[PDB]
Structures are given as C-alpha cells and as structure tokens.
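In the block that follows, a single chain appears as structure tokens, in the form solved without the partner chain.
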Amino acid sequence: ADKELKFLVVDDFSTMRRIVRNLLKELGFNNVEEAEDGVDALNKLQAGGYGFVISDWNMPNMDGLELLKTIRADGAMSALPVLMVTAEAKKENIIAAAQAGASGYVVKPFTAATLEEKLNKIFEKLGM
C-alpha cells in the first residue's frame, strides 16, 4: 500500500494507540493520527484525508461498533477500511462487527506479526 496512506488510530487508552502507531511506523507508515473515542474519531475523519481506520471497541462517548456503523452508513465514508483491534473476543461480538461491515478483526493482546498480517490481508482484498 502507498506509504503516504493516512491512518487514524482510535482507542481510549494511550498505551494501545502508541503500540499501533509504532508498529505502523515499522511498516513504513508515518502519516498517522490518533483519536480517543468515536466522536473524536468522527471529527477527524470529517476533517478529511483519511484512508484507513484502526479501532478499539470499548470507549466512552461512542464505542467502536457505533463508530464502525456510522462510517459504513455515511455516503462520503462508507467504503473506508476499518480494522477492529479489541479485547472483545466472544463470537457474538466478532459476528456483530463482521456483519456491521468490519474489514478485519484483531483480538488483544496481539503480536507485531499478527497486525501486519491482517493489515496486508485488508490491502489485498481492497487492491490497495
């Protein structure tokens, strides 16, 4: 994928956003922004330029399922890649996010190798 692709990393805890940001840099992506919840996330997406979202699930104000649903229902954002990265691992939640349109789903804790695998799997399916 184009190394200039802009990412938005959403999680309500700094530690996790920091881990994803660093991993993304390893992969060659330095155009990355952070958000602390769904609303904050939507405000930045509004601002424009984003080509990929990586989101947590449990966050105050607007959780990740809602954020995902919001993005898919928005005419100007509906196809935006959204990779869930969460501790939620019950099948019913994986199903709910999958059905809601999630591009991929990663359960915490995750290895560096797993994140790169899932990001590439999504680039592959979208021809990015």
Given for the second form:
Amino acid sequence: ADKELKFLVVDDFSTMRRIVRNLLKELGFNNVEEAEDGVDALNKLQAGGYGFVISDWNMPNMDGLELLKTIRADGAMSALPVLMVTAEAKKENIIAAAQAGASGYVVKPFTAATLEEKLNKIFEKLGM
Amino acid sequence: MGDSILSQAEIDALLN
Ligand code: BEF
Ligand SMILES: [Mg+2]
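Other form of same protein, the form deposited with the partner chain bound, not the form solved without the partner chain:
Full assembly next; the chain just shown is listed first.
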C-alpha cells in the first residue's frame, strides 16, 4: 500500500493503540489517527480521507461490531478495510464479525508478525 | 458448559 495511506486505530484503552501505531510506524505508515470508541471513530471517518480502520471490539458508546456494521452500510465507507484486533475470541462472535464483513481478525495479545501478516494480505487486495 | 473459543489459526480460516 501507499505509505501515506491514512489509518484510524480504535480502542477504548491507549495500550492497543500505541502498540498498533508503533507497528504501523515500523512498516512505514506514519499517517495514523486514533479514536476511543465507535461513535468517536465515526466522527473522524465522516471527516473523510481515511483508507484503513483497525479497531477493538469491547468499547462503550458503540462497540466494534456495531462500528463495522455502520461502516459497511455507509455509502461513503462501505468498502473501507476494517481489521478487528480484540481480546474477543468466542466462536459466535468470530462468526458474527465475519458475517458482518470484517476484513480480518486478530486476537489480543498478538505478535508483531501476526499483525504485519494480516495487514499485508489486506493490502494486497487493495492493489487487486 | 464451557465457551467455544477459537484459536488464531481457526480464526484465520474464515477471516484472514
Ligand atoms: F476490548 Be477489545 F475487544 F479487546
Ligand atoms: Mg482489474
């Protein structure tokens, strides 16, 4: 992907955001903004310019699944890559994220390799 | 009864 690709990292705790932001930096992506929940995330996405969303599941105001679903139903964001990074690992939830159109799913705690791997596969699709 | 938890590999099968 283009190194100027703009990312939105959504989590209600800074730890995940820092980890993800730093791994993104290691891969060469510095254009990264953060949000603290689904609503906060939607306010920034509506501002436009975003090219990739990575977000937690358990968050107040609007969780990750609901965020994913609104993004997928929005004519201006419907194809936005949405990679879930969350501690949530129960099967019924994994299946739900998949049925709602999640672009990928990484379980917390995750290694640097796992994130780069998942990210790169989504990136390949963005190129075709 | 216990939960149905999926590993990262099982998750990769349908999401990654
Ligand atoms: F709060 Be996230 F789902 F880890
Ligand atoms: Mg073509």
